[PDB]
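Peer 1: Below are the chains, spelled out letter by letter.
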Amino acid sequence: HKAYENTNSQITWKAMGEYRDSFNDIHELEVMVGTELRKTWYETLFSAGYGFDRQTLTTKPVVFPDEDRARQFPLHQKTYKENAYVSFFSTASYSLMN
Amino acid sequence: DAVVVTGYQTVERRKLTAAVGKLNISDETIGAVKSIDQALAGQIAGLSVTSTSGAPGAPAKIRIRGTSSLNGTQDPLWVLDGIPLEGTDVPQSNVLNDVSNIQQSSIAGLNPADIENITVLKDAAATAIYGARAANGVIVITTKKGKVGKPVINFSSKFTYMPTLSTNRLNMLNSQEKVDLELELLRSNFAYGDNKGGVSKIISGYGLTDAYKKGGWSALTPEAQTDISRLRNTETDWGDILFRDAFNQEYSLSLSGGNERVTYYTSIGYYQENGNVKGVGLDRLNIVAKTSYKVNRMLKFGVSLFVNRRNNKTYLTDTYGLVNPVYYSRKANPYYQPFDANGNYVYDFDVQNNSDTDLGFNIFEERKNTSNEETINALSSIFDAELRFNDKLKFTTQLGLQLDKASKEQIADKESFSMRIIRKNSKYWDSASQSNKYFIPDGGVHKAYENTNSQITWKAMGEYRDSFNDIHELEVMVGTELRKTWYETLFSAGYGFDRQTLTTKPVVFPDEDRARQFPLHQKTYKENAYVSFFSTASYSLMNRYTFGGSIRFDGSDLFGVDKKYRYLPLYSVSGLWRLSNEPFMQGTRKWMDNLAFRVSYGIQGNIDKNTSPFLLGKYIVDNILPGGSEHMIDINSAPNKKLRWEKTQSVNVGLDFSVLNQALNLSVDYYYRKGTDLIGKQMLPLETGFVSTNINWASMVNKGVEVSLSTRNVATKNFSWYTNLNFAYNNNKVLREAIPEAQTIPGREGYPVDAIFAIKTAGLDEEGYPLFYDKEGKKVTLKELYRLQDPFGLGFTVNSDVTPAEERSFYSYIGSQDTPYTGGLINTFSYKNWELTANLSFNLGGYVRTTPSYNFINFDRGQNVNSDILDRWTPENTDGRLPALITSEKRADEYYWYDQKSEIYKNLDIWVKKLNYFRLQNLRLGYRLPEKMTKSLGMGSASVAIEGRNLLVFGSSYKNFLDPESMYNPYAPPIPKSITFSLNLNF
Amino acid sequence: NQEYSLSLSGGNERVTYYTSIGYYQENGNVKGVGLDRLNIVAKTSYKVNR
Amino acid sequence: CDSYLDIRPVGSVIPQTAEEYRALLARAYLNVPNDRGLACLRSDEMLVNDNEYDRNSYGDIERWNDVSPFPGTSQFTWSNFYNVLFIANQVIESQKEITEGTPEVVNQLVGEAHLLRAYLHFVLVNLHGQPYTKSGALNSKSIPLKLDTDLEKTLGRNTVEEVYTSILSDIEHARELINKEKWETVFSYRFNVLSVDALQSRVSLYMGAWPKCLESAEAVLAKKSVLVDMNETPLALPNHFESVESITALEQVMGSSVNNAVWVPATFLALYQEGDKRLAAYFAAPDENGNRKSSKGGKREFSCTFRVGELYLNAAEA
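Same order as they appear, the protein sequences are chains R, D, A and Y.
For the first sequence, position 5 matches number 564 in the deposited numbering, and the numbering has no gaps at all.
For the second sequence, position 284 matches number 398 in the deposited numbering, and the numbering has no gaps at all.
For the third sequence, position 34 matches number 395 in the deposited numbering, and the numbering has no gaps at all.
For the fourth sequence, position 302 matches number 320 in the deposited numbering, and the numbering has no gaps at all.
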């Protein structure tokens, strides 16, 4: 019986400020300035049980000859990853005479 | 209001023939609570709420009209918007440290800022529509919904200060008297933990143990004397090391509204809460999204979503809590400094209860190399559809999906006491080399738990309402329900774990028995399905007589397949008679608003989900004839084909009174609930294949009275205050119960489930030993009481001819742990823009068996102790009240009888103490900002408040304890006191 | 294979709302494989102020 | 949106397959009490040892000290009889719920359960009930009949006539359901087609129905009649399960303790003639008082419930 549990989480926050103006009816300006903070997690867990009876849900011990064969048949492993991102962006646009 | 909701249908107040309690959830009534089960204390008559712990997120023990089963579901049923909730049960444990590993209920994921009312269904007439789930009471939750009009935007922010846990009520020995006690014990013949302590380690280091024993202080060298005097003057504040004050935050934003066709509600909440123990905390973030569309003049469809995420951080301890900071506050020596003069770790080797001094403990090292982290992700969606066929007929269907996934992760690094004890428990003896080894590899441990609770329920109902001749009203409802539930857990463990590298090392278990002592991967799975058919009827005549009835047929996979019991009804019959609306009493109508009598009778049910109707066996490879071996099945549990629910035949007589324009309402309810066919172990006749099995045989009775009084004391243009007195008395008795033949503590037959039996003592004799009573009333020692005989004369060879049935008579009933008298007083004052709410709650009449302050045989001098050790009998203090520390040198037979029967000292009547406490649950002062200021800021409304939670407890004395309900479990923190400031804005 | 969808939208001068429930069950050409998806969408937008 | 409430537990072994019900019935076969040897302790063919720790167990049984036995005297296993009866009744009540098995296999399982129930009731009513042939005994309450798997019921004693009627009914039920002519030697404890006839012959012999006893003995003797010729083999015991004489090697009549704690009195041995192979094959060499230990039991390989030698005598007596 092998069980995998993979969780992918993310929280992202954006803020923007936009300014639109027109001058003399022939100039149009749009300026945006923003910031963003984004964090991501990825966590996996794997567990294995040998000797498993499907109806009884029991398990039996495994005696690996070495530590090299203990990784060929992994019994419990965990992986974790965090990442954080900080961004500062801006856009500008200028239209003349349409 | 004039409407009662039962989770299946809506009842007019003038037609309600049942005993129903109601509470309005708001800031003014409910204080700044974070769970809707902690807000129910003292506010419903007949609903008793008790705190499991003071830890954040800990569930509450709620009993409606007492306990209704011995071995079964004892918790009420929680109904959220018509859909019953799963995961709300509070599992009980015999290990007192399991209270530190409790699992949160799904109720903890519901923001009280989203709940409008809480309706408690108490009677058979109120609960019998729930069939097999009715015996324990039902608490139905009504959520807030949008009102037709402009959107209503409520913002609320609460900031809580939690003062630090002051361990001054623990009555611990300071360094001076602790060292004095250690010196006094080192001079006497008490030999237990002689190697433990600080005095006996200072003296043994220089080697004057014999010199001190013979000579004393004089025979001690100046160097050892200065060491001991330095020990006396070392004072450590363990309350400051272990506990702290906290700042907690809570934020809520709700937006409601409605059209002529659509009503909408949205809500976002986030709170962060800290516990008084350093390093624990719990945050909850939740979203609510409800919407209801009128698709047609007949069809209406609504979707309601509640998503929730709670993150809990805390400590992991041993299986038996030798690490537990709450228990460590009573255990750490007053002179032990956790840190060296050079900033290194100093280990506590006296943590173990035995004489072993090999594994050392440091709290700063434990809080750094150890972690317990849980995350609960919960979803609950309800889809409602309603179709109005006529102006009389209406069909309403409902689908509720619920998911609750808890992921726990406990990590213990190599240098921690948890991992040290885990390695020590792996000691084994190998025949290959004559020695003791440890099979758990060197490193840490990472344990991962994943528990998923899922539920899908579907209900359909058809209701028909008619009126004839303007004096007959008939309401008939018929429904069906299918509900399936899954519970799946997975546990995985890895030893040799490096926290930074996330690697693991193999474990070679000597046997298959030690492979289960340290499980590496286990999986549990459970399914259940339930099919139910309903019917409710109500007939009202002349707006004055009402006769109602309920019938319900329940089937499940947890019940036997016998046709005799398969579909038996769970009915109810009730009747209301309004004496006020009577032409002979119309004269007393200028001052009397309401008189009504309700009489209800019914049959309620309960499901025991830990018992099965199936042949549960196991495979064994045995052989009948030589040379022929085959698999055989050995029966573990008998196939009960007649397994069913547990019957509860209940009657209720209630009075409703209201006079002087609701200036004073009274509601009394006397109830008698006799529960039979209770599931428990019975000693069966041998003509069946078994000596004992769990079957439907036992009985219980809960009988009592609830009173709800509501007064409007004054009503003036400016000042006005109201009083709410809720009171309830319950008498529990076990009527039939099987007691093992080898049990010396008496059974509960004729006594509550929480009965406490103690060995009454006649005081102390001239040597400080406890003195007992015999049947004649004469002060009798333990040798005479137990008729101890020592023929060999070796002391430990003592024996007694007293049978268990006779030791059962040495115990006398003291009282029940479950308090019989419960209730509360809620006073609400208002004066212009000011509002003051005082909520007080009383639990009177209980008893609690507290753990002895010290053992007279096994007293560990390496750990701190109460001041009660100073009240013990000593040759220098011959008028001491508590028993002396005894030795085998004198009275060897009594000593070695006390030693093996360790429950005689633990069941003495001197450790049982009364439980009568009043608690100021809430003291709130509010202020609504004047309309001019709100208009100035563009605010629809604004309000501020200051709230005080658990600020005062009085009643019976709780000496050596931090709380009146911390007297049973030393491993759980007490209920925190809080002072919170709230700001509410209505945009 | 089966697919079902129910969506309910609308708006005010101050609030616009959208709700949706979908459920599909799909089978693969290889015997014994399949995939079901149940989803809910709940969007709402309030004009708290001008 | 879910129904079909029939989800079984996934934590234990719940027997549903014919293989699992055969495992359950094999466990039932294992626990068949060895109380016929303890009963024969009260006859003239056994003599308890003269030492202690063995008189305290079997002496009061030997002396028929019913009214005031020793506290530590060996008890008759009333509980094991009804445990095996419960499992037999479970197998009987599950007839139509047995899956993954051919009709013949399930029919033989149910027939074996029926014959086990009949045999257990027979030995129980002969242990604790008055003899059928005794006058005034057909209406005496002897033992309760375990005919179901009920747990919340207290069973009352049935008369000897009712018990024997039930035994005969179960023999008839097993006759039409057992369809295995011969079992393996290792599995020989299970009831074969000839087991029904052997049990019918013994039941009719105990009842006094001589015609039916002779009919059944001849019916089984038409198929299995070869005896163990001990003049050719002077050390071969027909009690052995490997013997061609055995029919059902189920009950190990003499337990290890009971066999080790009894002699054979010289008064019983005087019944053997000068030239008799049983005289030397059954028992060991004489002793100071002429008492011999018996090598005909005490270990699981001397298991025998029915065999041809008994049926020859049944036919002769009938």
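Don't take each hint at face value.
[What the hints assert, rightly or not] Straight line, CA to CA, 30 Å or less: simulated DSBU-like cross-link-like pairs of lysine-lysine: (1) R:637 with D:541; (2) Y:317 with D:756; (3) Y:311 with D:732; (4) D:408 with A:404.
[To be verified] Covered stretches of chain R, going by a simulated chain D footprint (3 or more residues, C-beta under 8 Å): (5) 560 to 567; (6) 575 to 581; (7) 639 to 650.
Just so you know, these hints were derived from the structure itself, not from any lab.
Note that the Cβ used here is the ideal one computed from N, Cα and C, for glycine as well.
Peer 1: Compare the structure with each hint and give your call.
Peer 2: Verification of the supplied hints:
1. R:637 with D:541: It holds: about 27 Å lies between the C-alpha atoms, which stays within 30 Å.
2. Y:317 with D:756: Measuring from Cα to Cα gives roughly 41 Å; hence the hint is violated.
3. Y:311 with D:732: At roughly 39 Å apart (the allowed maximum being 30 Å), residue 732 of chain D and residue 311 of chain Y break the hint.
4. D:408 with A:404: Since the Cα atoms of residue 408 of chain D and residue 404 of chain A sit roughly 18 Å apart, the hinted pair holds (cutoff 30 Å).
5. 560 to 567: Three-residue rule met by the segment 560 to 567 of chain R, so holds; n is 4.
6. 575 to 581: That given contact is violated, which follows from only 0 residues of the segment 575 to 581 of chain R lying within Cβ reach (below 8 Å) of chain D.
7. 639 to 650: violated (count 1)
Hints 2, 3, 6, 7 from the earlier list are contradicted by this structure; the remaining hints agree with it.
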